[PDB]
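Every protein chain but one is kept in place in this view of the complex.
Order as written gives the chain letters A, B, C, D, E, F and G; numbering starts at 1 within each chain.
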Amino acid sequence: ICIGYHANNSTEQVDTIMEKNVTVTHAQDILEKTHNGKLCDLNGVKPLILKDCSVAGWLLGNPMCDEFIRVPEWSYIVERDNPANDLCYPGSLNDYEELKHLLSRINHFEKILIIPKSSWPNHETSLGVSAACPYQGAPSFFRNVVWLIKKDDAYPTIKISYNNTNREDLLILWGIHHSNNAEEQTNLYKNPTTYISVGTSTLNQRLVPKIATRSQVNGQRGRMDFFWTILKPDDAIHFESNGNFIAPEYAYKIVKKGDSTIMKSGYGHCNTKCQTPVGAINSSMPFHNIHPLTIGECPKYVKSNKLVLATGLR
Amino acid sequence: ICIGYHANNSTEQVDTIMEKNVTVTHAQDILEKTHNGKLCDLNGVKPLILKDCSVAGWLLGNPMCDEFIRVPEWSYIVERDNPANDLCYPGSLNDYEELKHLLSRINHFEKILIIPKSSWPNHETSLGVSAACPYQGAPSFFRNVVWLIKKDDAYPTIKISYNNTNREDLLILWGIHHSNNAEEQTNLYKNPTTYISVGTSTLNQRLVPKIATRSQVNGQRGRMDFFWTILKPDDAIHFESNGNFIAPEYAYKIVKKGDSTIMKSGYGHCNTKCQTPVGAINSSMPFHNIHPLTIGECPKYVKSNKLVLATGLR
Amino acid sequence: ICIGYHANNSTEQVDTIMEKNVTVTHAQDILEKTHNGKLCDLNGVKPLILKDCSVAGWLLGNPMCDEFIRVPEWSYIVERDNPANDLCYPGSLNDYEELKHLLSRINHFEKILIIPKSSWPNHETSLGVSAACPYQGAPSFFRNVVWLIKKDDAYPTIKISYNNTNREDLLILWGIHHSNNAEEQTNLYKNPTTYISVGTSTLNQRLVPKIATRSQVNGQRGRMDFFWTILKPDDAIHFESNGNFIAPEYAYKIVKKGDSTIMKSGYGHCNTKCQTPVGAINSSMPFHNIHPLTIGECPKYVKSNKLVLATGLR
Amino acid sequence: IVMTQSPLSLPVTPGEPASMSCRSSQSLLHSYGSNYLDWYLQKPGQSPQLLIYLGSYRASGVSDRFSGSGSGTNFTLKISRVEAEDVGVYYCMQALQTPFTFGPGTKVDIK
Amino acid sequence: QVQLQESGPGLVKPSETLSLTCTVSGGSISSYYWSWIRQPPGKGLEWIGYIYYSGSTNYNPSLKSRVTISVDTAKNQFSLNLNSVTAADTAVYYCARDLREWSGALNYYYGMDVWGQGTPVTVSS
Amino acid sequence: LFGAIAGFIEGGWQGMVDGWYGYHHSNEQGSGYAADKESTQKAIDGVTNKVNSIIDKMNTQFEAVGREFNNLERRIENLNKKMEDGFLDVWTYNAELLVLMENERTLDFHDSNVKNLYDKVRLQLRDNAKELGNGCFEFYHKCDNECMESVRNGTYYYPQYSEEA
Amino acid sequence: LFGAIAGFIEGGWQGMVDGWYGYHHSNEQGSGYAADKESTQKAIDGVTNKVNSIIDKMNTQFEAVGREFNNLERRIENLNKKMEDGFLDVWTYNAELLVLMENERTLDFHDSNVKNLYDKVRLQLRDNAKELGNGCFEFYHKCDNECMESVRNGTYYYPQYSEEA
Partner (left out) sequence: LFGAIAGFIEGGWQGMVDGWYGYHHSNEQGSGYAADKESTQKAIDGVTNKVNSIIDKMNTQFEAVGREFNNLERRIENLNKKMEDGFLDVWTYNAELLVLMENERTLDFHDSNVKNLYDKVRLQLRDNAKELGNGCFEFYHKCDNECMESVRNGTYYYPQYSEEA
C-alpha cells in the first residue's frame, strides 16, 4: 500500500506568511474582484438615478431636473460625483450634510402640497430673475419652494402655522435670500430690515439677510442659504417673515423608513442583490474590493487584491 | 506502562475554528454573563441616583427634584433615559452635551452661594414662578437660578461681576428667556430690545431674545436657553443684562475632580467594584456581556455569548 | 551523525504567549527604543523652528519674535506646547485648529503683499499700536494685519475688493476688535454700530463686535477675534467695514503642498528621514515607541517596549 | 365673545401720535400663539379695509404709521403719526371661534 | 386687483327672500373662504356666515335658521339669499374674501383682504 | 511544517479524485487508488467549519456608511476619513492575516492529516509491514482486498497476519 | 493536529486526579494511576502564563464612554455610534478569534504534551518496550516500582535494563 494525496492540473495560487505563490488543488476565491459595471434595481426596487442632479437640486426642485416630480419608492439614492445642476441659484443649504445623512434611512417620499400658491394672498408669483436656472427658456425658480416677491410694492408679514395633522414626519425646506446690496432689497422686499422666525416646538431661529457685495457665481451675485426641518406628528411649523423668504410649497411626507445611502457615482436592468457605486455585484463571496460604499446585504470591503482561502492540499 | 490524559464528567463547551462544540475538561469560563440587577455602591460611595430627574434638572434645581439640594460624594450620575422631570419650562440648555461630558469627570460639586438673593436690589426674584414646574401644586421656578422680572415698573441694567477667589473651578449656569411675543416682554421686562452680554477671560457672548411665536410644550409657549461656564481660578465672570436674564443664584465648586460617567438606565444596598446601567458586575473575570458603558476597575465588553477559554483538554 | 542546533553566548530576550523572558539567537529587534533628542532636517529641507511663537503669532506676525521676513520651505511647523508670545493682544482666531489642519498640508508659504499700506488713504495705518505687544521696548502691533483707527475724526467704509490673479490660493487673514466698552469704540472708531461684511464665493459673513466689559488678559481688557479664508484662483475677496476692521496687509500664497504636521515640542544641525517631537529617528525599524505624531517615511507607533521578533532557533 | 372699545370716539389731530384700546371678554390667544384679532378701517361711504391682522402685523399697502400690540384680553392700536385719511370707524374683530363679532367701533375724527 | 361685485335687487318686502349674488371678477373662487358681513344703519358690523370653496358652511346663531347658503363655482361666484326677512334686517351687505384656512392642517390668517363695495338692501313693505 | 507534503512523500497523485486523502494499493488481485472517507470527511467538516467561522466572525464589520463633511470642517472630515480608512486598514490587516494564517494552518492541517493517516496505518500494522521512506508500507504478509479494506476502515487485527516471515 | 487525544489514545483515563497527564502502569505491585509532575507542571505554567498574557493584552482596550449628541448632530452622533460599534466589533472579533485560536492551540498543545510524554518515553526504552497502538508500552524486560518511577522521573538507563531475551 502507499499513503499519499491527490493532485491536479490547477494553477490557482494562495499566499501564506512564510511562503507565497503556493499552488493549491482547489481554493475558494473569497474576494469578489468582478462587478457588472452598471447600476440596477435592489431587490426589485429601482434606485433614484439623479442624472446631472444633486440632492439639493432634487429636494429643492431644479427646473433642469424635471424627471423626478413624482418619484416612486426607491432603495438607494444615486448621484454623480460633481453634478452640474446643483443649486443653480448660488448658495448652500444649511446642514446640507445633515440632511443627506438623514436621507440615508428614508426609502420613500410622498410629495404633498402642504402650502399651495393660493395661500400667498398679498405676495407676487412673478419671480423671473433666476437666469442661472434655464429650462425651456425664461426661467423663474425651483418648483418645490417659492421665492416670494413683493406685491403692489408691499411685503406683509408671512405668518403661517401649518400643523402636521398627518401621522408621519414631514421634511419642510425653506430659505433666506441674501441680496447683493440694499438696492436689490428695496426692489424685491420693501422692508430693508427683514427676518425669518421659524418656530417648531424644538427649533428656534431668527435669520437675517447678510447683504454684502459678492463674486460672480453662475452669473448671479446674490445667494440663497436654505434650511430644513423634520416636523413631527401633531407638531406645528410657524413661519414668520417680512422679507427674504423662500417659502415652502411642498413637504415630503416620510411614509417609509429603512436603509438607503447616496453612492455619489455615475443604469442597468439585471438583478442585483448588492450594489457598489462603481458597479453592481452579484455573488455570495464573503469579501469584495470594489469601493467603500455599499448598500444592502453585501460582502465586506477589503482593500487587498488576493484573498483566497486554501481549501485544498498544495 | 500507559500514557494518557485526564478525563472528567464535565459538560463545559468551548469553540474551536474547526469544530464549534467541544466537550472540554474543566475549562474556566472567562466571560461573566450574570449580574446583581441593581445599583450598588462603587467603592463604598453612593451613586447619584437622579430619580425621574436629569442632569439639567439636577444642576438647574428642579422643584420635582429636591432630594439633591445638598449632595454627598458620588461616583455615578444615574439618570432615566426618558426623564419625566427635565426642564419643565420649555427650553434648550446650550452645549448641554458638553456639560454632561464635563460632568463625566467631576466626582463632587459643593453648592455655593456665590450670588445671594440680597444682591438683586432693584429686581424681583419672588414672583418669577412658572406653572410648568409646580412645587406640590403651587407655582415655583428653579432655585439654582432666578428668573428676574421688572420691579417698580422698571428693569435696571444688571451689571455684576463675580471674581472666583477660590482654588477650584466653579461652574456658573445662567440663561436667556426667549419670550413668546412683545407683550410678554413688556409684561416681564420693561425694555423691549434686550441683550445678555457675558464676559470671561476666554468667553465673549452676546445674546438677544428671539421673540418668535412657537408651539406649546409642557403647557407653556415661551423658551429658556441655558448656558454654562467653568470659571478657572482667579478668573472673573461679568454679567451685563437689561432683560430676559435667568440670573445665577447658586454655583457648583468642583471640590473633587476625578473619574465618573453618566448612565441612563433607571437603588440597591450593596457593594460593587464595577457597575453597569442594568446591573452591577462584582466577579473578577476579563470580559462581560452586560452593557457597553462601565467605569472603574471593570472588565472588557464583548458582544458575544461565549468566550470560554479551553484551559483544559478534550 | 548527531543532529543539533546552533548555539552562542547571546542574551537577547524575546517574548512568547505561552512563555515569557525566553532568550534566543540573533533576536531581530524591530523597535528602535531610541531617539537622538534633537530636531533634525527632514528631506534635506530645514524645518520651521519657530522658537517661542504661536501659529496664530506666526501667520499674524508677532513683533516680539518676528524673524519671519523670509521663511524658506519646511517639512513641519514646530509650535510651542506651552504657547509663549501667543497672540499678544488676546483673542481667538476663528477655526484656529482647522487652520492648523490646513497648515498640516502646506509645505511652503510666500508672503505676497496683496494690499500695500498706501491702499488705505483715509485711515491711520501704522501709527495705532498696543502695549500688550512689545518690540524694541515699545508698543508694536502685528505686522501682517493693520489695526485701523479713526483718522481725521471720521471712519470711511472700507469697500476694498481684491482679485486672486496669482493662479494660487492666498490664505487671507483679518479680524474684529472687541472693545472694552462703548467709549473705547468712540475713541477708536467714529461709528458705534459697526459691521464687518466679507464676501467670497462659498462664504458670506457679517461680523458685529460683542462690546462688553471683560477681564484683564495680557494687560488689555479687550479682544481680537481673527478670521481667515482660502481665496481660490480667479476668486475675489470683498471686504467692507465701517468699524473694528483689523485690515489685511500681508497674504500667504501656497506655492507647494503635501504632507506636514504641526509638532509642539522641542534645533539640531543634522538630517533625518523621519522625525518625532522629542527627537529625530533614523533607522530601518518598522516600529517605534517614541510618540504618536511622526512626520516623514517613518516607523509605526506601537506604545510598547518589547517587540523583538524571534528569528533564532533558541 | 363680547368685545368693547374703550374710546368710543377718539378725537385726534393731524401730525401727532395717537392710540386706542380694544378689550375682549375671552382669552383671544388662539393655538399657534397668534391672537387672531383684526383691525379694520372704514372711511365714510367706503368698504372696510384691513389695517392690521393677528394683533400687530400690517396689511399690504398700509403705511408704517399703524401698529398694534396685545396678547391677553387687552389690545391696543397705535398711529405713530395721524393724517386726514385716518378719519373713520375703527373695528376690532376677533377671529378665534366661529361666532365672529365686532367691537362697537371707534370713530376717529379730527379735533 | 381682485374685485368682488354684488348683484341682485336692492329691494325686498317682509316675509320673502331677498336676492343677492357675489361675482369674483378679476380673481377666482378657489382655495379661499368667502363670507358675508352686514352693516345696519347706525350700528357696528355683524358677521352673517361664510362658506368654504368646497362648500363647508358656518353660520351666525343670530341668523342660523333662516339664511340660505350656496356657492356657484362654475361662474366664480357665491350667493347667500336671506329668507324669512323681517323689517329689522335692513343693512348694507358686504362681500368679503376670508383667508382663515381654519380647518385642516394649514392654519394661516391674514384675514379679509378683499371686500365688496356693498349693496344697500332695504326691507320695506 | 509537519513534514509529509514536500517531506518524506515525493508528491501528489493523479489517479485519486474521490477525496483529499486516501491510499494506493498495489495488490495481486488489482492495483489502484481509493479515497479514505473517514479522514477525508473529517477534513472536509473541519474546513467547512473553518469557512463558516470565517464568514460568521466577519459577518459584522465596519459598514462604511457615507458621511460627507463640507469644507471648513476639515478637522471632522479628516477624522471621518482617517476613521473609515483606519477601520478599513484594521479589517484589511485582519482579513489578510486571517487568510494567510489560515492558509498556513490549513496546509499544515492537511500535512497533519497526512501525517496522522500515516501514523494510523503505521500503528495498525506496527512491525508487520516494512515502513518505506516515501509514504509506503510493503507488507511482509500477503494481503488481499479484505485486509486492505479493513486498513481503510480501521478494523485491522494485528494478532492475525502475525507471521514474522 | 498531532492526533493523539481522541486518536490512537482512545480516551482519557478517569483514574488520574493529580495531573492533566500521567502514566498508568499495570503491574503486580499496583495499577497506580500516577501523574508526572514535571510535564504537567510545565503545561500548567504555560497555560497560566497564557491566561496572564490574555489579561495583560486585553487591558487598556476601548473604554466606551457614554457621550451623547443633540438633534442637529446626526452626523457626529452616527460617527460616535459607528466608531463605538466598530471598536466593539474589532475587539469582539479579536477576542472571539483569540479564544478560538487559543482553544485550538491549547487543545493541540495538550496534544503536544501528550505526544511529548509519548515520544520521550518512546525514545527512552529504545528497543526494550513495544509501541502498541492503543498507547501502552508493554515492557519486554521485567520492571518494578523503581523503574516505573524512573521513567516518570526521566532517569532510565537502557544499558542496565537491556534484556532482549
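Definition applied: a contact is a pair of C-beta atoms (placed from the backbone, for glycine too) under 8 Å apart; a residue touches a chain by one contact, two chains touch by 3 or more.
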Residue of B:97, B:110, B:124 or B:184 touching the missing chain in the full complex: B:97
Touch with the omitted chain, as defined above, among C:2, C:69 or C:127: C:2
Residue among C:138, C:208 or C:313 that touches the chain left out of view: C:313
Of C:33, C:100, C:206 or C:273, the one touching the omitted chain in the full complex: C:100
Residue of C:17, C:112 or C:255 touching the missing chain in the full complex: C:17
Residue of C:164, C:241 or C:294 in touch with the missing chain, whole complex considered: C:294
Touch residues of chain B, complete complex, unshown partner: 95, 97-98, 101-102, 202
Sites on chain G contacted by the missing partner chain, in the whole complex: 53, 57-58, 60-63, 65, 67, 69, 76, 79-80, 83, 87, 90-91, 94, 98, 108-109, 112, 115-116, 119-120, 123-124, 126
Absent-chain interface as seen on chain C, which is shown: 1-9, 14-18, 22, 24, 28, 30, 92, 96-97, 100-101, 104, 261-263, 286-287, 292-294, 298, 300-304, 307-314
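In this section, only the chains that are shown with their structure count from here on.
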Chain pair, C-G or B-G, that carries the greater number of C-beta contacts: B-G
Distance from chain F to chain D - Cα centre to Cα centre, in angstrom: 95
Chain B and chain F: spacing of chain centres that average the CA atoms, whole Å: 57
Sites on chain F at which at least two other chains make contact: 47, 50, 53, 58, 60-61, 63, 65, 67, 69, 91, 102, 109
Multi-partner residues of chain E (at least 2 other chains): 107, 109-110, 113
